[PDB]
Amino acid sequence: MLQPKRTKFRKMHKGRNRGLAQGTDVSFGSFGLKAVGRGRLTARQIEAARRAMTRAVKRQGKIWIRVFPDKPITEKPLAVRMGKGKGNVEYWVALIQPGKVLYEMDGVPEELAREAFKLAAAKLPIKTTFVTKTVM
Amino acid sequence: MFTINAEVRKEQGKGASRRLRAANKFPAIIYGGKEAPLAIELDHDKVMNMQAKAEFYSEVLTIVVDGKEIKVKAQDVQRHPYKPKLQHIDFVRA
Amino acid sequence: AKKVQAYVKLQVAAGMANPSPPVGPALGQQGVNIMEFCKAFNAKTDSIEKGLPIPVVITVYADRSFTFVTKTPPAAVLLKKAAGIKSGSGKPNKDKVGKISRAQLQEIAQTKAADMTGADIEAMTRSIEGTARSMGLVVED
Amino acid sequence: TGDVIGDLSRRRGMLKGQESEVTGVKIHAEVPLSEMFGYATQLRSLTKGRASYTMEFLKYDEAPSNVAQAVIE
Amino acid sequence: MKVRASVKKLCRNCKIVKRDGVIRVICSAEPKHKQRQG
RNA sequence: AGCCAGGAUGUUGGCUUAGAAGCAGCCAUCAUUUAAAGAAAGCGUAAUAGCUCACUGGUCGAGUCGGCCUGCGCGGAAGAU
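Protein chains in written order, with the UniProt record's numbering: chain F, 1 to 136; chain A, 1 to 94; chain L, 2 to 142; chain Y, 628 to 700; chain U, 1 to 38.
Please note that the accuracy of each hint is not assured.
[Stated by the list, open to error] In silico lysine-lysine, PhoX-like type, Cα no more than 20 Å apart, as pairs:
1. F/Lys133 with F/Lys118
2. A/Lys83 with F/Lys127
3. A/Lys85 with A/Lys53
4. F/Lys133 with A/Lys53
5. A/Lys83 with F/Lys118
6. F/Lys86 with F/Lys11
7. L/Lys10 with Y/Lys686
8. A/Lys85 with F/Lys133
9. U/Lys18 with U/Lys2
10. L/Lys10 with L/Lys97
11. F/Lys133 with A/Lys83
12. F/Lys84 with F/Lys14
13. F/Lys123 with U/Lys32
14. A/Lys46 with A/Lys34
15. F/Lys118 with U/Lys8
16. U/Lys9 with F/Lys118
17. U/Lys8 with U/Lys32
18. F/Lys127 with A/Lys46
19. L/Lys87 with L/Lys97
In short, the hints are calculated from the structure, not lab data.
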């Protein structure tokens, strides 16, 4: 799974997840998967989403991943009272905003591109949509 | 060869613009020349239906306003984030 | 001359008048007593030489009399030896062997004419130069 | 006939040709000895007891990759 | 019958109808394709 | 969309030909008219035949097919006096 090699700190404050997103246009290939909801994506769902749609074309075309987990979400161990320090980091998420370009790919025909993204989307906890590169 | 129906908008602002796009119409701006810019309002539905063509971005766009029709070019499209609509277009008066 | 119930459209070898592996299914299906049928087969079998495949149509009348209108080499099997080799395919676009002319095939289209009268002399030759394409053979004149 | 042959092919059988006499449809084929095991128990299970067969030897022909790898103990 | 909360038209002849308010899919050819509750 | 005529198939086309006969799937993707016909999806099947499907030849005679953006509803929905 995807994870930051050598980041500065061990833990990070929780932080609200407001506003909109910056990645909006299908900037690399031709067919992308823009997100419509507002949540967060851990690395395991990041790995699983690509895997399902990589084997949907089985080799075909280039596939770009536009989101990377930065936020080191922690969890406390069970039967441990509150306080006593911040818990250890268990998994890494990437906070998703509305109108964010997720997984993007190229080199595939359109009808199976919408099919491959449909196989990927059901693995996501965010409602997404299938978007296409416009000019400019 | 596309033609645009439009008119001059008044009383602009943040909430004013938000009031527009919840009424199937959206604002814009026309600038470029030895004159003042023109904050022009134009129909949302019509131009969104025709932005799919490549000639919407590679042609001297014929926007008519108060009878006076001008030839402009499309600079940028500030579109809506996740809804398939759009928020603003910049028309440089070429 | 009935319908398709007893109508079998296949055969391979003239000289081998005995039920061959592909004519097996064909024969057994309609209980064809090939032995006396071989004597009727060998009236026209002797007119053609061996080495070029021959099909047959089979017609069984209502009163157990069963007859046939046999053939001469049709579309595929004649164009193959015209190229010199019976096979060499599985890769039409991926292989390129030989170049054959249509004027020489205009003569053998007339031999297919008395055999399997396929429409429009050159357009059947075009139908069958695609069987050459399907056999991985190039054709140019 | 078709059923017997489908099952011949199934037991790695070479259906070959479909001959015919008067009341019967005779089909001769080549079958491995390893898949001969209990054949008439499976023959008349598919032919309502109205069929028969007789096994004869031809040759120790080729054993394919799945059949060659099996018996190696 | 499969009580699947999602129902997909699994074939060509599989038709989707609303019996008693409940969405039901039936098939003329394959009785394994019958399902409801979607 | 149906109803009758049908399916306009050269080509049993290679191949692997034991058959893969559009109907194993790799492939050429040729061509016949250029009024109804892809060298082909699908169960069915050993393989043809097959009924169909794509397409309606003509019968009737009017509106119709599927997505898009959304308003409000259904199902998803099982707990203990």
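Here is what the structure says about each hint:
Distance check on the hinted pair: F/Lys133 and F/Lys118 sit about 18 Å apart at the alpha-carbon level, within 20 Å; holds. At roughly 13 Å between alpha-carbon atoms, A/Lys83 and F/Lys127 fall within 20 Å of each other, so this suggested pair holds. Between A/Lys85 and A/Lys53, the direct Cα distance comes to roughly 16 Å. Compliance with the 20 Å bound is thereby established for this hinted pair. Pair hint F/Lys133 plus A/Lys53 holds up; C-alpha atoms about 13 Å apart against a cutoff of 20 Å.
At roughly 19 Å between alpha-carbon atoms, A/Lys83 and F/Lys118 fall within 20 Å of each other, so this suggested pair holds. With a C-alpha separation of about 8 Å, the suggested pair F/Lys86 and F/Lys11 falls inside the 20 Å cut-off, and the hint holds. A distance of roughly 35 Å separates the Cα atoms of L/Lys10 and Y/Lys686; the hinted pair therefore is violated under the 20 Å criterion. For the proposed pair A/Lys85 and F/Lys133, the alpha carbon gap of about 15 Å is at most 20 Å, so the pair holds.
Restraint check for U/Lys18 and U/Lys2: satisfied, since their Cα atoms lie roughly 16 Å apart, inside the 20 Å limit. At most 20 Å may separate the alpha-carbon atoms for a hinted pair to count; L/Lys10 and L/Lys97 exceed this at roughly 32 Å. Proposed proximity of F/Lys133 and A/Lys83 is supported: the alpha carbons are some 15 Å apart, at most 20 Å. Taking the CA atoms of F/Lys84 and F/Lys14, the gap is about 17 Å. The hint holds against a cut of 20 Å.
A C-alpha spacing of about 27 Å is found between F/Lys123 and U/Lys32, which places the hinted pair above 20 Å, so the restraint is violated. Taking the CA atoms of A/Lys46 and A/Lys34, the gap is near 30 Å; set against the 20 Å cutoff, the hint is violated. Note on F/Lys118 and U/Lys8: the hinted pairing holds, with a Cα-Cα distance of about 14 Å set against a maximum of 20 Å. Restraint check for U/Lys9 and F/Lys118: the C-alpha separation of about 17 Å stays at or below 20 Å, so the hint holds.
Taking the CA atoms of U/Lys8 and U/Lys32, the gap is near 13 Å; set against the 20 Å cutoff, the hint holds. For the suggested pair F/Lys127 and A/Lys46, the alpha carbons sit about 28 Å apart, so the restraint of at most 20 Å is broken. Proximity of L/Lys87 to L/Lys97 is assessed by CA-CA distance (about 15 Å); at most 20 Å being required, the pair is judged to hold.
In summary, the structure is inconsistent with hints 7, 10, 13, 14 and 18 from the numbered list given earlier, while agreeing with the others.
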